[PDB]
Every structure is written in C-alpha cells, then in structure tokens.
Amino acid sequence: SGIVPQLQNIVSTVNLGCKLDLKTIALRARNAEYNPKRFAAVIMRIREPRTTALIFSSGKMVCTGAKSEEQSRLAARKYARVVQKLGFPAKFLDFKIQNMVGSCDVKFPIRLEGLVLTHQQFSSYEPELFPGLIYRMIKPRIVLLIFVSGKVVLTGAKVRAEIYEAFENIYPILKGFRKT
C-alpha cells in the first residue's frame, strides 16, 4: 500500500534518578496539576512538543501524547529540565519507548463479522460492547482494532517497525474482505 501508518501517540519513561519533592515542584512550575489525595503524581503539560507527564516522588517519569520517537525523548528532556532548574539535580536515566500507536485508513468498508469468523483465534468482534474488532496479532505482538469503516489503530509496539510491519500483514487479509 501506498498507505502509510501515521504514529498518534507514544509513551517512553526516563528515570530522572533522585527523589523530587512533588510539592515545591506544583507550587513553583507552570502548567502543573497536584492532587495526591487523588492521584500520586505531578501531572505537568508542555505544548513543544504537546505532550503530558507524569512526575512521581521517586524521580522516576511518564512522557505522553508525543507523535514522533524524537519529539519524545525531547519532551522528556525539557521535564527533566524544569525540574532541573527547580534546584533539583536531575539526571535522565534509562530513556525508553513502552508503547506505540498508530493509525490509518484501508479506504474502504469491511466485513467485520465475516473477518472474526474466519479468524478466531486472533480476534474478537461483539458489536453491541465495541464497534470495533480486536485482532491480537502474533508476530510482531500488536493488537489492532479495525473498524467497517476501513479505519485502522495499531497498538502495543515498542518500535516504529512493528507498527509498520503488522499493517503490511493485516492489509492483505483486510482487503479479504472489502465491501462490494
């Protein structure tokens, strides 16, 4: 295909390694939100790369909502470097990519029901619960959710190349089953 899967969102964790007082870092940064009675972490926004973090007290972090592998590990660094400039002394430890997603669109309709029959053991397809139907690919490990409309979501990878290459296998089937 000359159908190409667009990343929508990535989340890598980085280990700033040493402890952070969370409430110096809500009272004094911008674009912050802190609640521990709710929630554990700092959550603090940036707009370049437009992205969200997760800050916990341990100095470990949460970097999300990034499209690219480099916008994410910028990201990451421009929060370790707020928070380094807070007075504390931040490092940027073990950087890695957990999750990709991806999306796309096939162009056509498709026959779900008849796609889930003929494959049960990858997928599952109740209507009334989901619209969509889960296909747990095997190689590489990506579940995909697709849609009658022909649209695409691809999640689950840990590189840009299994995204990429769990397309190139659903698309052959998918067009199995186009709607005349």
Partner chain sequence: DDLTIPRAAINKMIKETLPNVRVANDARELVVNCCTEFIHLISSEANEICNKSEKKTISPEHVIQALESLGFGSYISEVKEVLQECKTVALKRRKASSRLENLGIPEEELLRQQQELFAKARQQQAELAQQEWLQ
Contents of the next structure:
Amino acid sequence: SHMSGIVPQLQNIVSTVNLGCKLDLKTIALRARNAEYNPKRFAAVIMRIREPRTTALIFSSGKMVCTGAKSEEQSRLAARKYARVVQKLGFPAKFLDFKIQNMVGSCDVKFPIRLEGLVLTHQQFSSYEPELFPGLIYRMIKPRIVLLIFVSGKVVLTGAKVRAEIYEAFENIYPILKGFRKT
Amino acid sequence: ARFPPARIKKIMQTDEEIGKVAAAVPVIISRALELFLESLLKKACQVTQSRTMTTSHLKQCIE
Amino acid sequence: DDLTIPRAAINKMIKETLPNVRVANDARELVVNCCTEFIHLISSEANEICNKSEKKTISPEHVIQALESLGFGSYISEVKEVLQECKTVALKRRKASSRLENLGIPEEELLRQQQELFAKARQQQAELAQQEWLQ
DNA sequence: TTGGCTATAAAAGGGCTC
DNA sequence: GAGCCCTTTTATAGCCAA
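Any chance you could show the form deposited with the partner chain bound after that form solved without the partner chain?
Then the entire complex follows, led off by the chain already shown.
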C-alpha cells in the first residue's frame, strides 16, 4: 500500500580499478605526499585525498582499491585522481575495469525495535548476541545484502553492488521492523 | 586469567621491526604471559613473606 | 604506544594466584608493566627466530622456540595445549562454514521462506494501516 | 568525550593450514 | 588448490579504560 517514505543514505563505497602496469610502491611512497607504506605490515601503498575524502590501496600489480566515497561517481572521481597521481609520478597509468564492489547505506526508522523477538521469528536469517554485538545481524537472500539492526531503530545496510539493492532490502525490512516495534 | 589478544597484538607491534604475526600467536603469548605472572607473583610473594607486597619485592624478580 | 593489558586482568590474576595477599597499588602497576615488557621480550626473540626461518610471519612455532631459547622452556607444555585448541577452533570453524555454504537448506526454499515472512508482514501493516485510515 | 574492541560487506595479494 | 588472515572504509552502538 505505501512505501516506507525513508530513503537510506549512502555512507561508503568500495570500488576497484586496474591501472594496468607494474608499480614500485617504494618509489610511489617515496614522493607521494600523503602516502604510507610498510611492506612489513601491509603489501600496498595507502594513499588518501581530501576531495572526495577517500583512501586508496595501491598494489604492485597496478590494481587498486578505493574506499570512502558517498556515491558511485564520487568514487569514480577519487579513483581517477589516484590514477593521475600514480601517472604524474612517472608511471604508464591507465584506467581500466572500474567496478563498484560494495556499497553501504544507513537510515533511521525512528522507533525502538524488539530484536529479541525478530531473532526468533526469523532465526534462520538472524544472528543476535548482545553480549558480543549490540545489533541484530540480518542476512537477506534477495537481494543479497546484510543488515545491522539496532534497538534504537537505526539500520545499516551493506553488501550491495548497485544502490537499487539497498533500497529493495530496506523496503522489504521496513514492514518487518514495524511488526516488531517496541512499546 | 586470560588476556586480550587484540591488545597483545597491538602491544607487539609497538615494535617497528615486528612484521605480520599469525592470528594464533597473541593467544599463546597470552597463556605464556599467564604462566609468567603466576611464577613471578609466587616468587615475589616469597620475598614479601621474608620481610603487603611492594614494588621492591617484585623488582628483585626481574633482576 | 602506551598500550597495556587492562588493570582488571592483572588484578584478577593476582587474586586467583595469591589468595589473601595485600598487594600495593604501586606494585600492581609494576606487574601491569612487566606484562608489556614480557610481550616485547618474547616478540623480539620470536621475530629473530623468524627471519632466520626464511619465513615472513611470526608463527606459533617461532614463539615456542623463543620461549625455550629465552629460558622459559617449562611453559612449552601448557603453551602447546593452547596452540592445539587454536588449531582445533580454526578447523571446526572452517568445517562449519563449509557446511553453511554447502549442506544447508537449498537457497531456493530459504528464499521462499524469507519472502513468505516479508509478504506476510506487508499484509499485516497493510491492514493495520488501512484500518486506522478508516477513522 | 575519545577511541579501541566487537560486527558486516568487499576487493587486492602474499602468507599459511588441511 | 580451497579458503582464512591481514589492511582500509563506514554507519551503528554497548562495553571498557584504573
């Protein structure tokens, strides 16, 4: 009959892009301004940029991982700036196979929730152990996304490849959540 | 008493030389730390009864 | 870093080990600190035994050898046991995931079950809504 | 308050265990 | 070799810190 009326907001995005050319992290870490490198602890350069505020993990194979964006194109932009950076540093930097790998969303249903029950009616899809973690962990099968539901009515959605999966997951869970409202 | 592996790993890596460490390591070090305190406290207790346990009774065990 | 094992952990150890022994708060601070020293001692020795072992990651073996090497050989008994339970825990956890992904109710019926709960809930809030809307 | 543990998804690879 | 680890990011949030 009605749509929740609540639209989940994007909080994080993980994309990957292949620069297509071997890279020497020692070299990159050497001159790149905000670059970290400890092949000791982690086998990849850790670069960051202020806008879009993000973080990239650059590997030797040229492949890269970009995290922190709040939208698909914001993530693709940041990915490009990281590409031009590796580029200016004297490397044959291309921009191949950019792909969003994960999207995180969050919203507020604006009302407490009886996690205690939800984990009973839907036990085969839930994992609730307040001793371990305060929120209820919900695994939706279609679309395939994971939700973090908190007594306060705040809800996190993750695992999506395209934002529609997040909106589909929330619209499915909203009526369930209203059926477990706390009073 | 068992000790926080996460904390133990963070402590281990306060050393720049220490690289990656196997997940199970911090937990055995915890057991080791446990065996070390029991042996240490029990000796210091002896030193205390040969005089409340103080900072001195302990140091004379890390000499 | 100024990381140290939680005071409470050391106090539970003192209580469990020295039942009925007043321990100065000052001394309690020294034990908390010996803890971090020991971790560094074992780690450093293990890290060397490691470089030599042509390996990259400090393994539970390097830690056992450092213990012996450092003069803590008498711990290797109880430490081997813990290393065991660790392998067992990891093994059980591997097999549990294997079953979760390969021997559970076929996804098809799991999906159906879940959609049933979803459609059903839409139905309820559909009525509970329309009814309240009839006022 | 600050911040780290705990939890989730996901990619990248070099290191490891049955 | 199948598959877990580690590292990074982020919403959310109780427990903990001596």
